[PDB]
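Undergrad: Chain by chain, the residues:
Protein chains: 2
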Amino acid sequence: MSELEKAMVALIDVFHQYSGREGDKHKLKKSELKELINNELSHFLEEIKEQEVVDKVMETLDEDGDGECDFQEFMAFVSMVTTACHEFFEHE
Amino acid sequence: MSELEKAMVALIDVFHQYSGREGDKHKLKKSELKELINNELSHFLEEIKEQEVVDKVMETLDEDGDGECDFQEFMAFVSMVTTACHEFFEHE
Numbered sequence: 000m001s002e003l004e005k006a007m008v009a010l011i012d013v014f015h016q017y018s019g020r021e022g023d024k025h026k027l028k029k030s031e032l033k034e035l036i037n038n039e040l041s042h043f044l045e046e047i048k049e050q051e052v053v054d055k056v057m058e059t060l061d062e063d064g065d066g067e068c069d070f071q072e073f074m075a076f077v078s079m080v081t082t083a084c085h086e087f088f089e090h091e
Numbered sequence: 000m001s002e003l004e005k006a007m008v009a010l011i012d013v014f015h016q017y018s019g020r021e022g023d024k025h026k027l028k029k030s031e032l033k034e035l036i037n038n039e040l041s042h043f044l045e046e047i048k049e050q051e052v053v054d055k056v057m058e059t060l061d062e063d064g065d066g067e068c069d070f071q072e073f074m075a076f077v078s079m080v081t082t083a084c085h086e087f088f089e090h091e
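Chains as they are written, first to last, in the authors' numbering: chain A, 0 to 91; chain B, 0 to 91.
No wet-lab data here; the hints were simulated from the structure.
Treat the hints with caution; some may be incorrect.
[Claimed, not checked] No farther apart than 20 Å at their CA atoms in a straight line, the calculated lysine to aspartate or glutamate pairs in the EDC-like style are these:
#1 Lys26(A) x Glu86(B)
#2 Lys28(A) x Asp65(A)
#3 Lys33(A) x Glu2(B)
#4 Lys5(B) x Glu46(A)
#5 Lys26(B) x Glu86(A)
#6 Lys5(B) x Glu86(A)
#7 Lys33(A) x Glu4(B)
#8 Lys5(B) x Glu45(A)
#9 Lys55(A) x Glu45(A)
#10 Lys5(B) x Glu89(A)
#11 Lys26(A) x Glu89(A)
#12 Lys5(B) x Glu91(A)
Working from the sequences, and respecting the hints, build out all of it.
TA: Okay, structure coming up:
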């Protein structure tokens with residue numbers, strides 16, 4: 000019930016919004032996952048510095064090597080890109 | 000600016016709320032991280048089923064083996080516990 004829970008459920012709210020047309024399976028492809036980064040991580044793109052960290056992400060996604068990326072892989076790639084900005088707390 | 004961004008910043012808002020007394024370093028200990036699970040993941044605890052997945056988490060945290068857990072390790076342990084409930088979308 001804390002403010003965080005409100006946002007925890009939101010994450011599902013938005014992850015389902017994109018995959019609500021069928022949701023038949025429970026897997027996401029890198030090609031569609033990237034597009035999600037273009038409209039979901041485009042705002043933080045300004046507050047980043049280790050451009051070389053994001054550079055390896057766009058190469059790690061393109062190098063899915065698995066044919067299908069699950070939600071666990073989305074919560075990780077989302078963290079690296081967010082944590083990529085060392086000391087994000089210093090918002091300025 | 001999407002509803003998700005609002006929650007992305009919230010995550011930082013709450014992660015900083017606990018570590019605002021000093022924030023001198025940027026590391027979190029497992030002993031204090033666990034306590035965060037007791038007041039941050041206690042709500043979803045009801046919507047879980049793979050009790051054996053959470054069981055290994057409480058053992059993985061206690062087995063930090065690293066002396067200090069960073070924020071990247073918190074976004075991962077938080078995902079497994081959340082994703083532990085296979086098909087969380089089926090909220091009922």
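Undergrad: Just to be careful, I want the Cα atoms of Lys33(A) and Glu2(B) compared with a cutoff of 20 Å; is the pair within it?
TA: Holds - the C-alpha atoms of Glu2(B) and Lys33(A) are around 19 Å apart, at most 20 Å.
Undergrad: If you draw a straight line from the CA of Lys5(B) to the CA of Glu45(A), is it 20 Å or shorter?
TA: holds (16 Å)
Undergrad: Between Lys5(B) and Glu91(A), is the straight-line Cα distance small enough, at 20 Å or below?
TA: holds (17 Å)
Undergrad: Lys5(B) and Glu46(A) were given as a pair; does the straight-line alpha-carbon distance stay at or below 20 Å?
TA: holds (15 Å)
Undergrad: For the pair supplied as a hint, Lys5(B) and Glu86(A), confirm whether the alpha-carbon distance does not exceed 20 Å.
TA: At roughly 19 Å apart (the allowed maximum being 20 Å), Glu86(A) and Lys5(B) satisfy the hint.
Undergrad: Next pair to validate is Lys33(A) with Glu4(B); report whether the Cα-Cα distance is within 20 Å.
TA: Given pair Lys33(A), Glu4(B) holds - Cα atoms ~17 Å apart, limit 20 Å.
Undergrad: Going straight from one Cα to the other, do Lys55(A) and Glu45(A) come out at no more than 20 Å?
TA: This hinted pair holds, its Cα atoms lying about 17 Å apart.
Undergrad: Next pair to validate is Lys26(B) with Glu86(A); report whether the Cα-Cα distance is within 20 Å.
TA: holds (11 Å)
Undergrad: Holds or violated: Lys28(A) with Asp65(A), Cα cutoff 20 Å?
TA: Status holds; Cα separation ~9 Å.
Undergrad: Decide if the proposed pair is consistent with the structure: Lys5(B) and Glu89(A), CA atoms, cutoff 20 Å inclusive.
TA: holds (17 Å)
Undergrad: For the pair we were handed, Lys26(A) and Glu86(B), check the Cα-Cα distance against 20 Å.
TA: holds (11 Å)
Undergrad: Can you confirm whether the C-alpha distance between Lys26(A) and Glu89(A) stays at or below 20 Å?
TA: Not OK: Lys26(A) and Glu89(A) at ~35 Å, beyond 20 Å, violated.
Checked against the numbered hints above, the structure breaks only hint 11 and satisfies the rest.
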